[PDB]
Amino acid sequence: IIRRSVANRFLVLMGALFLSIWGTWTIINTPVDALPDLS
Amino acid sequence: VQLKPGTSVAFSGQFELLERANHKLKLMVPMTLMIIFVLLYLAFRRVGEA
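If you read the sequences in order, they're chains B and A.
So for the first sequence, the authors' numbering puts the first residue at 5; every next one is plus one.
So for the second sequence, the authors' numbering puts the first residue at 848; every next one is plus one.
These aren't lab readings, by the way, just hints derived from the structure by calculation.
Check before you lean on any hint, since a few could be wrong.
[Claimed, not checked] Between beta-carbon pairs, the in silico distance windows are: (1) B/34 - A/868: 19 to 25 Å; (2) A/889 - B/37: 42 to 48 Å; (3) B/25 - A/869: 18 to 24 Å; (4) A/879 - B/36: 41 to 47 Å; (5) B/14 - A/865: 36 to 42 Å; (6) B/32 - A/876: 28 to 34 Å; (7) B/35 - A/871: 16 to 22 Å; (8) A/894 - B/31: 19 to 25 Å.
Here a beta-carbon is modelled for each residue, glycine too, at the ideal position from N, C-alpha and C.
Next up, chain B with everything else stripped away, as it sits in the complex:
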């Protein structure tokens, strides 16, 4: 069910690179805090 997925390894690599870059970006730009509003 994933044989068609391994036959295009290059697309998977490009998608993984895009995802890694997007994740690094959102992590660099995500707001961080501690004990958020809970009252």
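Keeping the supplied structure of chain B fixed, place chain A upon it in accordance with the hints.
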């Protein structure tokens, strides 16, 4: 130029927004170009053609 107690200085103008705009596109234009590569060799399945 000395400063008097109770005085502040700041800068502004069009230039400011530019410092962002270029940066922003300088961050995205590459990725867009990559979106071309991945989508280009789908008809050829080889990098040389793209």
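Hint check results:
no., hint, result
1, B/34 - A/868: 19 to 25 Å, "23 Å, holds"
2, A/889 - B/37: 42 to 48 Å, "43 Å, holds"
3, B/25 - A/869: 18 to 24 Å, "19 Å, holds"
4, A/879 - B/36: 41 to 47 Å, "29 Å, violated"
5, B/14 - A/865: 36 to 42 Å, "37 Å, holds"
6, B/32 - A/876: 28 to 34 Å, "19 Å, violated"
7, B/35 - A/871: 16 to 22 Å, "19 Å, holds"
8, A/894 - B/31: 19 to 25 Å, "30 Å, violated"
Hints 4, 6, 8 from the earlier list are contradicted by this structure; the remaining hints agree with it.
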